[PDB]
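Participant: As a plain string of letters, each chain reads:
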Amino acid sequence: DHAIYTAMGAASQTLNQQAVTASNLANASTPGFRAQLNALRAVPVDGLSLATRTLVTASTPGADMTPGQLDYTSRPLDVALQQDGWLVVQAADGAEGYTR
Amino acid sequence: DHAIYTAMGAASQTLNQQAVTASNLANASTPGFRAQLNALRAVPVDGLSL
Amino acid sequence: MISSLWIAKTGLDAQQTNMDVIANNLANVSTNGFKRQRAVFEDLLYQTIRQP
Amino acid sequence: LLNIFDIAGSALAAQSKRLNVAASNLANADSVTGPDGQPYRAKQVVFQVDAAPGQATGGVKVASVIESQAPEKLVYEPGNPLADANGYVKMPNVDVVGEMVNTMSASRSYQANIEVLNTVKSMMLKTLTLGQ
Amino acid sequence: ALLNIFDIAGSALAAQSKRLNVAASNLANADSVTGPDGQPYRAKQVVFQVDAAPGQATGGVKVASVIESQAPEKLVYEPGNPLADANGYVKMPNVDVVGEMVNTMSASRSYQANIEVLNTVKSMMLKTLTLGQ
Amino acid sequence: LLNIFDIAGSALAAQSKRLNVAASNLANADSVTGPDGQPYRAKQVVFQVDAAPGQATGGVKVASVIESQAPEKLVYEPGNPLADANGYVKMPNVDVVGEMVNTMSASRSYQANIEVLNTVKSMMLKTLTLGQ
Amino acid sequence: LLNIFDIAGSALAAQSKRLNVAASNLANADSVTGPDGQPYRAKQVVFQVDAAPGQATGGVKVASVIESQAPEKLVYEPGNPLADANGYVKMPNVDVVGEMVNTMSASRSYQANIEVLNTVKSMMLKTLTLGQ
Amino acid sequence: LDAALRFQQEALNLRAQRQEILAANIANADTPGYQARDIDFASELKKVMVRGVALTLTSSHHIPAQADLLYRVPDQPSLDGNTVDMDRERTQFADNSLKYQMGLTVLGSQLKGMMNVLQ
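Keeping their order, the protein sequence lines are chains b, f, g, a, V, W, Z and U.
Going from the first sequence to PDB author numbering is simple: count from 1 and add 1.
Going from the second sequence to PDB author numbering is simple: count from 1 and add 1.
If you count the third sequence from 1, position 9 lands on 9 in PDB author numbering, and the numbers rise without skipping.
Going from the fourth sequence to PDB author numbering is simple: count from 1 and add 2.
Going from the fifth sequence to PDB author numbering is simple: count from 1 and add 1.
Going from the sixth sequence to PDB author numbering is simple: count from 1 and add 2.
Going from the seventh sequence to PDB author numbering is simple: count from 1 and add 2.
Read in order, the letters of the eighth sequence are residues 5 to 55, 62 to 77, 84 to 135 in PDB author numbering.
Don't take every hint at face value.
Here are the simulated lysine-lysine pairs, DSS-like style, with alpha carbons at most 25 Å apart [stated by the list, open to error]:
1. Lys123/a to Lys51/U
2. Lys128/W to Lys123/V
3. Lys115/U to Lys128/Z
4. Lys19/V to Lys63/V
5. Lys128/U to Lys115/U
6. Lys45/a to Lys92/a
7. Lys45/a to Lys92/V
8. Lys128/U to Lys123/V
9. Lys63/V to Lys123/V
10. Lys51/U to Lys115/U
11. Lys128/Z to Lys123/a
12. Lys92/V to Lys63/a
13. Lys123/W to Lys128/V
14. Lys63/Z to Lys123/Z
15. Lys63/a to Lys75/V
16. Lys123/W to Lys123/V
17. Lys128/a to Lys128/Z
18. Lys19/V to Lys115/U
19. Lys63/a to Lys45/a
20. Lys128/V to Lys128/U
21. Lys123/a to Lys63/V
22. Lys63/W to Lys123/W
23. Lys92/Z to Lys128/a
24. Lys128/V to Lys128/W
25. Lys128/V to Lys128/a
26. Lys19/W to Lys63/W
27. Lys115/U to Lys123/Z
28. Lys51/U to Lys128/a
With beta-carbon atoms standing in for the labels, derived distance ranges [to be verified]:
29. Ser107/W to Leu132/a: 30 to 40 Å
30. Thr105/Z to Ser109/a: 19 to 29 Å
31. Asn22/Z to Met126/W: 55 to 65 Å
32. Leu84/Z to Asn82/a: 39 to 49 Å
33. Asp13/g to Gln91/b: 27 to 37 Å
34. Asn24/g to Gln70/b: 24 to 34 Å
Derived by calculation from the structure, the hints in this document are not laboratory data.
The beta carbon of each residue, even a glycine, is placed where N, CA and C say it ideally should be.
Just chain b, same shape as in the assembly:
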C-alpha cells in the first residue's frame, strides 16, 4: 500500500525534471546561458527489515560548462571568453558573481 508513495514520488519528481528542462530549454538564445543539467537520485529507506523501497528524488548536480557557440556581431565591446573563463560582476547584494 505504501508503494503508491514511492510511485508518487517518482511521478512528482519527474515533473520537476520536466520543469528544469523547460527552464533549461526556454533559455535558448539567452546570452551566455549555462544549461542546468539534472539527475535523479535513488534514495534508500534503510529500515528495520526487508529494505525494499527507494525514492526517486530529483536534483540538479550543477551547470553545463560547455562553451556555447559564438555569434559574430562586430560590436566593439561585445566580449566572448575562452573556455572555462568568467567575467566578474558586482552582484545585486554585492559580491563577485561570474558570468559568460
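Using the hints, position chains f, g, a, V, W, Z and U against chain b.
Facilitator: What follows is chains f, g, a, V, W, Z and U alone, placed relative to chain b:
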C-alpha cells in the same frame, strides 16, 4: 458548455470572411471593381453576472 | 497550474517577441537612418528547493 | 450542498468561467471594434479562495471578471475610421499563445477536479451503508 | 467488540474526512492568485496524532492543528498583472498536484477501511446479544 | 492464527513486498547515483516456501531480498563525476517491461490470495453454524 | 410513465431529433434540387417545455420542426435548369461548422440525460427496499 | 404517536421533488430562454413540518373527498437565451441524490427499530 458556441461563432464567422476575400479576390481583372474590405466585431453578451 | 506549462509559455512568448523584433527590423530596410534592433533576453530568479 | 461537493463544484464553475474568458479572448483576437466603437479590451479572471469566514480555506470564488491592462497594440490604417490623429486603429491586445496555454491549463484543472469528485462519491456511497 | 472501538474508528473517519476536505481545497485553489484580504494562498496540510495522549495505551487518531506547508511558494512572472511586486512575480500558491491526487486517493481508501471496521464491529456486537438464546 | 489464514496472509505479504520492489525498480530506473555515489543496483525478491519443519508445504516467505547481479549497463559522460577512467557512468540496469509484467502479475496473485481469504472466512463462519 | 422518467426520456427524444435534423442538414448541404425541384431549406427544431397545466416546468418537447429563413445563398449556372432569369441556382445555405457543433452538443446532452436516467433508476430500486 | 416518522417522510418526499426539478433543469439544458429553477430545501422542509379538514359525514353514499420555485441566479450570460449552468446543475443533482439515499437509509432504520421493538 456554452464556450463551444462562442468558438463556433468565431469559426463560422471566419469562414464567411474567407468567402468575402474569395469574392474580393476572384474579382481581380474586373474593370472598375471596388474591393470590399472586411472586419470582425466583438459582440458582448451583457447579462446578469460574470 | 504547474510550473512546466508556464515556463514553456514564457519561452514561446520570448520567441514571439524576438520574431516581432526581426520582422520590424526587416520591414525597415530602405528606411533612411534606421538602426537595427537586437533583442536581449535573460533568465528569471531560480526557485531553490533543496540546498546542496 | 455537502462540503466537498461545494468545494469541487466551485472549482468546476470557476474553471468553466476561466475557459469561457479564454475562448472569448481567443475568438475576438483581431477584432477591430466593439458595438459602441472601442477596442475589444482583453479579459482576465482572478481567483480568490472562497470561505472567508471560518477555517479561512476551501473553494474558489472568481467574482469580478476584469480587464487586462496591456497597452492595446496598434496598427496604422488612416483610411479606416476609428483611427485618431496619426491614424492608428486600436486592435485588441490578446496574447494568443497565452490563451492556448491557458486553455490547456484550465482543461487539466477541470479534469482533475472531476476525478477527485468521482473518488469521493464512491467513498460517500460506502459511508451511507453504515450498519444497515 | 467493545463500545470504545466505535469512538476510535469514528475518530479515524473524521480525521480522514478532514484530510480529504483539505486536499480537495488544495487541488481546487491551485492557481488562486489572491486571498480575500489580498495574499497568495498557502497550500495547507493536516497533522495526524494519536488521540488521548496521557496514559491510555493505543486508540484513535486526531487531526488537531491544521498547519501550512513549507514548499518554496513557486513564482511566475507577469509584470502586466497587479499582485506582482517589484521584479513582477505573481506569488502563485505552492501545490504539488500529483501529491494531492495521491493524498485524496489514499484518504478515500483509508476512510473506506474504517467504515468497514465500524460495520464489522456492529455485527460482532449484535451477535454478542444472541448469547445464550 | 488458523493455519489457512496464515498461509494466505503470508502470500499477501510476499506479494506486497514483490510489488514494492518492482515499483522501486520502475521508479529509480534512470537514476545516476545512490546516496554515497554508486549505481542503483536493480532489486529482486526471493520467494521460498514456508513451514520448513512439517508437511514441507504451506505459505510463502520472501526472506532475503537480493540484488540482480547483471553487469549494470554503462553510459559515457566523461565530465560527470562518478565516471572512472574511461568515463563510464553506471546507470541502473532495470528492464521496464519485466518490471511492468512483475507488477501486473503481483497484483493478480494478490487478488487471488485476498479472494481465497474471503472464501475461507465464509467457510469457517459457516462451520460455526454446525447443527444449530 | 413515471414523472422523472418522462422528463429525462423526453429530453432523450428531443436530443435525438435534434441530432437527426443536424445530420440531415450536414448531409443535404451541397444539394441542388429537391424532389419537386426547389432549394433544399436547412431544417431546425424548436424546443419547448412540457406539461403546461401544472408546475410550469418539466421535460422538453420538440414540437414544430421548421425550415430556416436564412437568405438562400445563390450561385451562377445559367445552363443548368432550376435557374431563374439572371441565371442563378438556389443552393442550400447550411452552415457546416454550426451543424458540426450541433452534432457534438446534441451528443453531449444525450449522454447527460442518459446517465441521469441511470442514476434515477438506481435511486428508485433502492427506494423499493425501504425497511425490507 | 407514530408521527415521529413524519419528519424524514416529508424530507424524503421533498428530496424526490427536488430531484424531479433538477432533472427538468438538466433536460432543458439547451432550450432557449429556459431560465432554470430550484427550491430552497431548508425553507420548504420547515414549512411542511410546521403545517386539512374532513368533509361532512352524514348518511352513506356521501362522497368524502379532497384534492416555491425559486430562480437560480445565473452566471455566464449566453444570448443564446438559456441560463442553465451545467456544472452547478450536475453538482446539485449529485448532492441531492446522495442526500436522498441518506434519508432513505434513516427512514428505513427508524422502521427497523420500530419493527424490532415488536419482537
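Participant: Now, for every hint given, state plainly whether the structure supports it.
Facilitator: Verification of the supplied hints:
1. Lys123/a to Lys51/U: Between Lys123/a and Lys51/U the Cα gap is close to 30 Å, so the pair fails against 25 Å, i.e. violated.
2. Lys128/W to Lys123/V: Measuring from Cα to Cα gives roughly 19 Å; hence the hint holds.
3. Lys115/U to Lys128/Z: holds, 13 Å
4. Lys19/V to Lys63/V: holds, 10 Å
5. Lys128/U to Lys115/U: Distance of about 20 Å is within 25 Å: holds.
6. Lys45/a to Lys92/a: It holds: about 16 Å lies between the C-alpha atoms, which stays within 25 Å.
7. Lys45/a to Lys92/V: holds, 20 Å
8. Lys128/U to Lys123/V: Measuring from Cα to Cα gives roughly 15 Å; hence the hint holds.
9. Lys63/V to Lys123/V: holds, 22 Å
10. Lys51/U to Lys115/U: Satisfied, since the Cα-Cα distance of roughly 19 Å is no more than 25 Å.
11. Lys128/Z to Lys123/a: holds, 17 Å
12. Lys92/V to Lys63/a: Judged against 25 Å, a Cα distance of about 18 Å means the pair holds.
13. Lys123/W to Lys128/V: holds, 17 Å
14. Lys63/Z to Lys123/Z: Holds, at about 22 Å.
15. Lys63/a to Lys75/V: holds, 22 Å
16. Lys123/W to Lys123/V: holds, 18 Å
17. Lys128/a to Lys128/Z: Between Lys128/a and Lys128/Z the Cα gap is close to 14 Å, so the pair holds against 25 Å.
18. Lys19/V to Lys115/U: Holds, because 20 Å separates the two Cα atoms, which is no more than 25 Å.
19. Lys63/a to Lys45/a: holds, 17 Å
20. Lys128/V to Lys128/U: holds, 17 Å
21. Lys123/a to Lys63/V: Given pair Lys123/a, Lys63/V holds - Cα atoms ~24 Å apart, limit 25 Å.
22. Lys63/W to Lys123/W: Roughly 22 Å separates the two Cα atoms, so the pair holds.
23. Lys92/Z to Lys128/a: This hinted pair is violated, its Cα atoms lying about 62 Å apart.
24. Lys128/V to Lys128/W: This hinted pair holds, its Cα atoms lying about 14 Å apart.
25. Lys128/V to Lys128/a: holds, 23 Å
26. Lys19/W to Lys63/W: holds, 10 Å
27. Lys115/U to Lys123/Z: holds, 16 Å
28. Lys51/U to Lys128/a: violated, 32 Å
29. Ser107/W to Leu132/a: 30 to 40 Å: This hint holds: roughly 36 Å between Cβ atoms.
30. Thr105/Z to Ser109/a: 19 to 29 Å: For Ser109/a against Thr105/Z, whose Cβ atoms are near 21 Å apart, the range 19 to 29 Å holds.
31. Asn22/Z to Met126/W: 55 to 65 Å: Roughly 60 Å apart at Cβ, these two residues keep to the hinted range, so it holds.
32. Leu84/Z to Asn82/a: 39 to 49 Å: Hint holds: Cβ distance 41 Å, inside 39 to 49 Å.
33. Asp13/g to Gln91/b: 27 to 37 Å: Given a distance of about 30 Å, which is inside 27 to 37 Å, the answer is holds.
34. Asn24/g to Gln70/b: 24 to 34 Å: holds, 26 Å
Consistency with the previously given hints fails for numbers 1, 23, 28, ordered from lowest to highest.
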